[PDB]
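Add chain B to chain A, keeping to what the hints say.
Spelled out from the first residue to the last, the chains are:
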Amino acid sequence: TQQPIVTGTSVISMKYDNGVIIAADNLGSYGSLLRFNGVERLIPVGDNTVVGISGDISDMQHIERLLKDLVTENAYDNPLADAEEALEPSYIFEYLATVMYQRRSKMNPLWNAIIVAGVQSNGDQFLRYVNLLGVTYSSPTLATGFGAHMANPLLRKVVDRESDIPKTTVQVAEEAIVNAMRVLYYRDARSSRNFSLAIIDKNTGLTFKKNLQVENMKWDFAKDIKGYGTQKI
Amino acid sequence: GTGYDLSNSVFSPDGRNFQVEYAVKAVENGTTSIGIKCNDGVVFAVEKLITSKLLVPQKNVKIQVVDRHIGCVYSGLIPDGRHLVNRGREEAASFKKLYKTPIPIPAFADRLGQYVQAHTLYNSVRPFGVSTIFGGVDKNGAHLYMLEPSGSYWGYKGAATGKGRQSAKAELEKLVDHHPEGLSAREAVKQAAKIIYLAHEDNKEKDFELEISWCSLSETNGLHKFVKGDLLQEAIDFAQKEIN
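Residue numbers (the UniProt record's numbering), protein chains in the order written: chain A, 34 to 266; chain B, 5 to 248.
Rather than coming from a laboratory, the hints here were simulated on the basis of the structure.
List time: in silico EDC-like cross-link candidates among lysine to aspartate or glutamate, alpha-carbon distance up to 16 Å:
(1) B/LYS104 / A/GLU97
(2) B/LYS66 / A/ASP110
(3) B/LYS63 / A/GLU117
(4) B/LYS100 / A/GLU106
(5) B/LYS104 / A/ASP102
(6) B/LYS229 / A/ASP115
(7) B/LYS101 / A/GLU106
(8) B/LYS101 / A/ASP102
(9) A/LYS101 / B/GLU94
(10) B/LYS100 / A/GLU97
(11) B/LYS232 / A/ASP115
(12) B/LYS173 / B/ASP206
(13) B/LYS63 / A/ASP110
Chain A extracted, bound-state conformation:
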């Protein structure tokens, strides 16, 4: 049993017709201190999988080492390591889910919320979540922490059910994701303006965008607001 120290906030994601999109800002909080700003919380595994992590950063780094090892180990005595026998997003997830549940079962959890996004070898999209309790679930859209409360409602307006997937394009999806990130920047006190976004498309492959920034924010209406009730000036 422990307590998170340096933490990463929301991780949001959704799937579109040709793949999945996942994003997460670059902040590493220390309580209410916005302590670190160059933290990458999206971990690419191979070229068909990206793992988004929130929660304790020290544990995130541990999961990173684990993922690198998975790649190294899968390459051993594997002549088809970059072909038929490369790591599938589902393998990477089942692995992490296993670890997450074993650790909570030993009363020593990896204090994180994880979302594994990718495209299977047969082209199928992959989006599944696992957290410190070992709980897992899939949905056309998935978000952790604050994003679960504010991103999902927005992302679900694009893909409310399975049949909305084929009707959604990368442009629509990426736009929804970028807007959600802005909303989270407005209301989440542990969020950052800088973030990374990655797309895993069954045709274009893995696109990993770094250093994005929330833009087009509305703040002007603030000038009109004064006092907290009766004040006029």
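Relative to chain A, chain B alone:
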């Protein structure tokens, strides 16, 4: 008296460990394999005797990778070889976990060295029946090594072991003399394919299959990779051509 050769860690009257020496016999009785250090990497090649047409070609791979920057090939009892590589892998993983940086070739060599030497310390274990050629690129260059069943190892410019080690060594020595400036990864791959072909005369009875791998700072980015397709055939031909 006698019987000094029935138990592993026993010193004979002349200070030898006969069981290690018998382990060597098992190595000399094995397929030939080599390693060539080039100007920015290393190349590994090995002879693969075609027992019969039934062996699916290209499937029974012998060269093994350790971590992501090291290659290992060996001659002798194959299972003993795998055993040693598994140890090397655990050994490399441990080093990376504590020091973050992937294990340096010299450091790695000693890990295998100590482990192998350990198997000559007790009569409850048997020495390793393989000589291993391995190496890769690291923070400061390329390194080639060869480890004997005694646990003895040194850095090499070129190395060979197995049935045709003499032919190979002869060839390697020529290369060393005619290239004081240094061979290139591209060249080494071909030269390696040739030596395996030449050294195959000491077993010319059975047909074989060529296998090459390399690790070059420029050609593979410092990662160990197998030579396949076009680059492979191009090397096979270069040999078939100079075999006549």
